[PDB]
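Undergrad: Next come the chains, spelled out residue by residue.
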Amino acid sequence: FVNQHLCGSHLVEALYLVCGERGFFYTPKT
Amino acid sequence: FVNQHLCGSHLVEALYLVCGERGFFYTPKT
Amino acid sequence: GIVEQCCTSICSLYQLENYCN
Amino acid sequence: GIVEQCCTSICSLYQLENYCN
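Chains B, B', A and A' supply the protein sequences, listed in that same order. A prime marks a further copy of an entry chain.
Every letter in the first sequence is one number past the one before it in the deposited numbering, and letter 27, counting from 1, is 27.
Every letter in the second sequence is one number past the one before it in the deposited numbering, and letter 29, counting from 1, is 29.
Every letter in the third sequence is one number past the one before it in the deposited numbering, and letter 8, counting from 1, is 8.
Every letter in the fourth sequence is one number past the one before it in the deposited numbering, and letter 1, counting from 1, is 1.
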């Protein structure tokens with residue numbers, strides 16, 4: 001699931017699954 | 001959608017929709 | 001943190017926006 | 001940023017993990 005174009009909620013979802021209990025930051029403007 | 005128990009992907013989703021172009025940080029351990 | 005305020009207790013817009021950049 | 005690397009170009013695990021805490 002990670003080796004594709006991922007945008008919006010699809011990108012958030014991938015971050016959520018990959019990062020797990022670490023959590024993540026989603027900075028689309030930076 | 002925000003005035004309920006939100007966990008896991010459901011919480012991420014709410015952050016995504018509320019924060020919009022600002023993005024957000026998801027820190028479940030902190 | 002966010003899990004305590006929004007998952008194991010009822011979330012709110014006020015609290016969610018504390019986690020926007 | 002993440003949008004350039006993963007949305008308007010093909011994402012990768014290496015890049016996604018740069019955004020884990």
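Bear in mind the hints are in silico, worked out from the structure with no lab data behind them.
Here a beta-carbon is modelled for each residue, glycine too, at the ideal position from N, C-alpha and C.
Do not rely on the hints blindly, as some may be mistaken.
Computed Cβ-Cβ distance ranges for the label pairs, DEER-style [unchecked claim]:
hint	chain 1	residue 1	chain 2	residue 2	range
1	B	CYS7	A	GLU17	34 to 42 angstroms
2	B	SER9	A'	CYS20	17 to 25 angstroms
3	B	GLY20	B'	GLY20	22 to 30 angstroms
4	A	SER9	B	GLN4	35 to 43 angstroms
5	A	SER9	B	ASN3	19 to 27 angstroms
6	A'	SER9	A	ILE10	16 to 24 angstroms
Undergrad: Hint by hint, note whether the structure agrees.
TA: Taking the hints in turn, this is what the structure says about them:
{"no.": "1", "hint": "B:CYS7 to A:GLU17: 34 to 42 angstroms", "result": "23 angstroms, violated"}
{"no.": "2", "hint": "B:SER9 to A':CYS20: 17 to 25 angstroms", "result": "18 angstroms, holds"}
{"no.": "3", "hint": "B:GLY20 to B':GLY20: 22 to 30 angstroms", "result": "25 angstroms, holds"}
{"no.": "4", "hint": "A:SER9 to B:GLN4: 35 to 43 angstroms", "result": "36 angstroms, holds"}
{"no.": "5", "hint": "A:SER9 to B:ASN3: 19 to 27 angstroms", "result": "38 angstroms, violated"}
{"no.": "6", "hint": "A':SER9 to A:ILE10: 16 to 24 angstroms", "result": "39 angstroms, violated"}
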